[PDB]
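Visitor: The lines below spell out each chain.
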Amino acid sequence: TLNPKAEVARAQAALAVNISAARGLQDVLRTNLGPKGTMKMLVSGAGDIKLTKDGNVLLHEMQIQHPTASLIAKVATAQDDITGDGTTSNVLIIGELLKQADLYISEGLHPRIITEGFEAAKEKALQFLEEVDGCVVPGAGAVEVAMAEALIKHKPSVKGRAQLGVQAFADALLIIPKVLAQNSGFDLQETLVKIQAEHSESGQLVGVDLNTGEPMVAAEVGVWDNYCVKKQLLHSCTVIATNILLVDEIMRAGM
Amino acid sequence: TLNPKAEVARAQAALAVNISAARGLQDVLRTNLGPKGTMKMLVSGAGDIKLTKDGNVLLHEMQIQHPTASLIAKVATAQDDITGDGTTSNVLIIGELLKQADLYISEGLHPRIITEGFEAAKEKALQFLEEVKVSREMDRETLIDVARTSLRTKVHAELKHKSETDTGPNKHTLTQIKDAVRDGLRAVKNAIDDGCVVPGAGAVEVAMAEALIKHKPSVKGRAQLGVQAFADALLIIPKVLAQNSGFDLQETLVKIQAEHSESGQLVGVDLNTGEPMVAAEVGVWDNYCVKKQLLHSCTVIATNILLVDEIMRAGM
Amino acid sequence: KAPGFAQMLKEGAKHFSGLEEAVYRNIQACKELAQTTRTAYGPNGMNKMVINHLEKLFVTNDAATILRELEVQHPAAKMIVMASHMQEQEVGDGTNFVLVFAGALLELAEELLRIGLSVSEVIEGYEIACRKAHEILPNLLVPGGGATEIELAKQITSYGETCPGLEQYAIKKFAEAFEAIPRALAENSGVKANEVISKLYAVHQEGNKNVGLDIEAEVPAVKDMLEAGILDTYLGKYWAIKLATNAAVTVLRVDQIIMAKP
Amino acid sequence: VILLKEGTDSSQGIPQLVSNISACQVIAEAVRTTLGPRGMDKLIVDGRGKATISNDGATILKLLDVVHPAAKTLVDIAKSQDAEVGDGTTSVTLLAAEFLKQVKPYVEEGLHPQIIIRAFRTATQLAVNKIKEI
Amino acid sequence: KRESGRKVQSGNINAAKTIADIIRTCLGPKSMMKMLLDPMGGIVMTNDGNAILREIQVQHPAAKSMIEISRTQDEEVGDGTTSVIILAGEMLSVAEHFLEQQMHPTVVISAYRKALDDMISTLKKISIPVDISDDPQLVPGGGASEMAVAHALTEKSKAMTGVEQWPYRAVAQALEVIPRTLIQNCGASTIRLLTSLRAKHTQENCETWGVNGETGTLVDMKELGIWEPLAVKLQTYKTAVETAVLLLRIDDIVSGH
Amino acid sequence: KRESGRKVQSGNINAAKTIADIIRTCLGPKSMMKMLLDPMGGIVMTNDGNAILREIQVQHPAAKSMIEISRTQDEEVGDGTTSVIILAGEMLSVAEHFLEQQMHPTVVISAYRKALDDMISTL
Amino acid sequence: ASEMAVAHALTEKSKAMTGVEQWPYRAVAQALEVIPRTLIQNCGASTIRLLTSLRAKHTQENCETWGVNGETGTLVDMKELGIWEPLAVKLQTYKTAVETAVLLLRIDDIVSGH
Ligand SMILES: Nc1ncnc2c1ncn2[C@@H]1O[C@H](COP(=O)(O)OP(=O)(O)O)[C@@H](O)[C@H]1O
Ligand SMILES: Nc1ncnc2c1ncn2[C@@H]1O[C@H](COP(=O)(O)OP(=O)(O)O)[C@@H](O)[C@H]1O
Ligand SMILES: Nc1ncnc2c1ncn2[C@@H]1O[C@H](COP(=O)(O)OP(=O)(O)O)[C@@H](O)[C@H]1O
Ligand SMILES: Nc1ncnc2c1ncn2[C@@H]1O[C@H](COP(=O)(O)OP(=O)(O)O)[C@@H](O)[C@H]1O
Ligand SMILES: Nc1ncnc2c1ncn2[C@@H]1O[C@H](COP(=O)(O)OP(=O)(O)O)[C@@H](O)[C@H]1O
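Residue numbers (the working numbering), protein chains in the order written: chain A, 1 to 255; chain B, 1 to 316; chain C, 1 to 262; chain D, 1 to 134; chain E, 1 to 257; chain F, 1 to 123; chain G, 1 to 114.
Bound conformation, chain A alone:
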């Protein structure tokens, strides 16, 4: 049942292809997150060399083989023009969101149910920023570690199965404090468990110390991010991770 010069993946393999591309693009850019992160080279072919950790230059100027990954590359061009930062971490959350979604989709869960959990967690995630553009927010993954604990302590209001999408959004935000521990040369699990276990009977921030690997209050050291960056990050990752999950089939338009 097919015509000549035509191909289409009717089953869920279209997601396995798009999910595999995001995981591959995740592993590439995660090494250049932060100051301790490594640099990427940009060979123009004619002999020119350009080193840069900026994710937008590694997505706008560089060429990508996978067609699906080129979509996420255009997103970084949009993320750069509005805020000017957060293009690398935007790609990590998309890969980890799609990674956690594949874990539940293999269990027979529909993709549309997962996207409804992201829209609920995203609206709760934005409200957490207002509690913690003259406004700034902490860094070192302190917001991600805090929003992850906040989303876990929040039940749905539309259906119960959206609880799984909220869990995927919670574990997806933790990739930033996870990657910062990898680039600094520290264990991924020890660093996250320390900052996540640190709790007190007061509003307390906590982040990753890139030099020591121990917890760190970002306010007591001078590590601050922007409000629009984290705001656009949640709105950007949720939109693209959603749309990539809604792709049911991949058809070649005469390729």
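Source of the hints: derived by calculation from the structure; they are not laboratory data. Incorrect hints may have been included.
Stated by the list, open to error - What follows is a list of derived Cβ distance ranges for each label pair:
| id | chain 1 | residue 1 | chain 2 | residue 2 | range |
| --- | --- | --- | --- | --- | --- |
| 1 | B | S106 | C | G4 | 16 to 26 Å |
| 2 | C | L226 | F | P61 | 55 to 65 Å |
| 3 | A | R252 | E | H104 | 36 to 46 Å |
| 4 | C | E216 | G | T18 | 15 to 25 Å |
| 5 | C | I136 | G | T18 | 19 to 29 Å |
Beta carbons are placed, not taken as given, at the ideal position from N, Cα and C, and that holds for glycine.
Go by the hints and put chains B, C, D, E, F and G with the ligands onto chain A.
Guide: Frame of chain A; chains B, C, D, E, F and G with the ligands shown alone:
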């Protein structure tokens, strides 16, 4: 780095070989869990047919091609010798324990850290089992609920020269009923000897999993990753009961998990309805030694298989 | 047929997997660059039968002429070659110092990465040792013949032994990188290099500074570079140790070579 | 994909020296039989088919123009001996290849090339001193 | 060269069914996306049924007729292009009668045309007027119109004496695809809700008890304003039946200039 | 048939090193397990260093010497046998000074025998 | 602890070892570190971080203590934890490792014949 006429798997891929075998053996036996589960055939080759759901028979009498999976079959033999029940649920938890551990091992976590979490989750899960068990007196009304719960999992919900209901017409049918009676008698034996019984339909697994998640680290910080893996492993039992009954795997588990109140509340999977169901009210009761030996058997084998670093040929 | 190549999604470039040690491969391209010029180091340097692009035969031992005629296409090697071109600015010597020293820093870095030490921690040690070398070099015109390379290595090795933490591993290897230069002079003169290092360290242990390798085929002993009149320039060693470390650190900071298109 | 050579053929160490020693003996064999007055002749043919018969070592090397790198060293050295003197090109060509042949097994046994150079520079000056004295 | 016999009708079914299987999930508010790989690597994740088939180059003539009819539907009517192709493909996907039972196409066409006249008669009964001051006739969407019409044919087929009763009932079950895809995109159980959905139309009123495209559960169309026009459904069923009747009448695909 | 030259010492090192890499993780109270595929498809999940090497087939004679020396240890001392093979494999694993530096084994052996007298005194 | 304690003695004693034998003499000291390298690898703790700090303790503090805990993975004094092993087992374990390595190093030709 090896001698001729031999082979060695040096890197961590040797562990993935054992995880893949348990995952495969999980998918084989999950279809015969509970009354609504399917049956498996045992073709002896000579021409004898045999149908049965007893996991001990599907592992002891059925020879397994994979070398690693034959080890778990020997444990099902040992599991059947003590309690006589839970061999199928033992393999499903082992398959999910090693499955959840691979998610963290791929992130660079050592196996020995995960196994220490299982030992902590076991003690917490073992203490919670003492609270859920019902030490009521064993009467004919109670043992009927135990015998029905044990016999439904081996018959067609209806039970030479006479019909099967004359307690059979065929040879294999008599062997199937002989196994169900021995499993039913041992189930009533355990409930009488061990006067305590526990609810069924995955109500204990759902309650213990909620207790482990509500348990901060006490032996090591990273040990909680194994506790989380142990929690998710226990939920495979209600998940499989929803699959075999033909209902959604996720809707069933989420409903029974949402049941919360300011009182003792243990709900299970209704195979005919799919909604939550208090297993103690409707008359579904499991033994205390069955769930007790599962935690002791699942943790030991899932631990030892994780500690396997290399697979060497001893002159093979 | 799956499983195909892992971590290959950018123009099908040769992306070495985690087992293939992508960092180890860019280092091998720099080690091969040193062997092409390690033999030309010193008064007994071996000549190179260079064939010009005009099919002209030239026999020379100059490093700048070897690299100018050797079309170096690997980018990881171009960085060290760019340091040699930057070496020509502010000084007109010490070119092979950049090739031999940087090749030893990267070659010795593999011994650290193989243990499991992070590349970001290796860079911090070389940057600390380079800053420490610039403080010791005034205390040493400076002696030549590998004399400063052993004393500067001896002074830096002691700093790493008393410095606790992980930076001592890369600081100690920074000292062993200096030993490659006497090893180059000894190998090009037909002498067991390990015997030269053993003697050069003994006389320096007794405080006999300004002692270098006695260039001789039938005498593997050592002599004083001051009495013989062999002397090197301070700025030649200063800018060489600086540019060589930046070239090595710049290569270590890179972990993946990716193609592009305008 | 990304390689260092990419057409740049290069070999180093003992195999390169041994390769040049054998290539130099080829130039010796081309002028080995022409040594002396009664030496055997050599027939050389150009591109046009014109023949050339001569037992002079200098005239033979001019017509060969061997493309091997190591062989060009002897030819340019022998050509200079012809321009300066016009005689002795065969003796210079044979002795050079013979100095290389005798030290060939020592080069294979791990003897450094630089130690060999100190012997030729030393033995040569002793020989030049013995000629003038005798 | 030339293809004739049952090979033609069996091929036109696979073609029209293949074109319909592509855009099954692009129906409703939960329209799943489709990734079209351009030859130059360009990708568009659009979810519009018109633009998808517009760019997909096909070779089968039957598939082109199924596409060109939807294009003509798009101009006369700005909606219902995706439903024409799904229904026309589902009406043709019932090949049990064409090959296994060897029913002539003229017998089925008599049944499809008879169902079309009855399908139209059933819509106008469940219609509802409009106060446009605030054809003025709407119908209950969300699968309610499909399941309502299917109940009428299943009851009307009981008095259908003849062999045409079997394909007459199959057209009714083919209309269930519209709530089937809407339930599939929501992620709910298709059989469980579609089973309970058909029971509601039997006992309760047929003008309501459709499907919720946003929630996934059943809901009445009086409480949710998903009321669609009447002319869109009439031209949708009329075009799907006339398109299915067209391709079934094709029994010989031949060349010639 | 036979082996000669530098291939022997580097070959004996890889054989002794390979036998030690098997039981590197069999040390301590948190020792790791090993999977031994029997010829009949069976498995033994032992974690004893003596039992593992006893059941493994070895082709190199250097491995037979390492194993036979471990058995002599068990007769005298039923403990610390796993430490012998690991140290013997690590002491031999330093092939930089052995071949790449072109040192003679007598130079290495004189240093290993000098350290042994110092290791004994320090203990 | 006994491995790291002995290794510090050789590394400090090799400073006065004039000759080429100092290099393999120090390599034997680094080989003793493999024993705690495996005890730390099994527990799962970081090998480089603890083994680095472990060697620093032997330099400053007394070498008779400050070993490694195989169960917990952290450092601990052997005076506080009864992991004390006999002397005859370690001396014979050290001689048999060196005597075995000296043996295989003395092999240069695997010959066949009877
Ligand atoms: N000195 C630092 N310490 C800890 N975290 C940092 C530091 N610098 C940057 N980060 C983290 O790295 C992330 C990425 O930062 P940046 O490189 O500016 O954006 P991008 O990676 O998108 O280019 C930020 O979310 C920030 O929290
Ligand atoms: N009537 C029932 N309703 C719900 N769950 C049941 C019922 N009967 C058995 N189960 C569940 O099936 C699981 C397996 O039971 P059983 O067949 O006795 O053991 P095994 O599968 O190991 O032979 C038990 O954990 C129990 O919770
Ligand atoms: N006569 C000599 N004796 C000993 N060492 C020398 C002698 N001449 C040069 N060297 C050493 O060789 C090294 C390289 O010298 P030079 O050739 O001038 O620089 P480059 O190799 O960069 O061109 C110097 O560091 C110097 O110590
Ligand atoms: N809000 C809604 N809730 C449920 N179903 C809807 C809703 N809106 C549209 N639909 C369904 O989607 C189908 C397609 O509608 P429409 O997009 O107008 O036509 P087309 O898809 O042909 O352009 C209709 O049959 C209708 O039943
Ligand atoms: N509780 C412990 N803590 C730390 N190290 C231990 C402990 N128990 C044993 N070891 C170490 O394990 C090594 C091997 O011990 P043992 O098993 O008795 O000998 P073998 O491995 O030869 O059978 C010993 O050298 C000892 O240092």
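Visitor: For each hint, tell me whether it holds in the structure or not.
Guide: The hints, checked one at a time:
no.	hint	verdict
1	B:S106 to C:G4: 16 to 26 Å	19 Å, holds
2	C:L226 to F:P61: 55 to 65 Å	56 Å, holds
3	A:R252 to E:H104: 36 to 46 Å	38 Å, holds
4	C:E216 to G:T18: 15 to 25 Å	22 Å, holds
5	C:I136 to G:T18: 19 to 29 Å	23 Å, holds
When the structure is compared with the earlier hints, no violation turns up for any of them.
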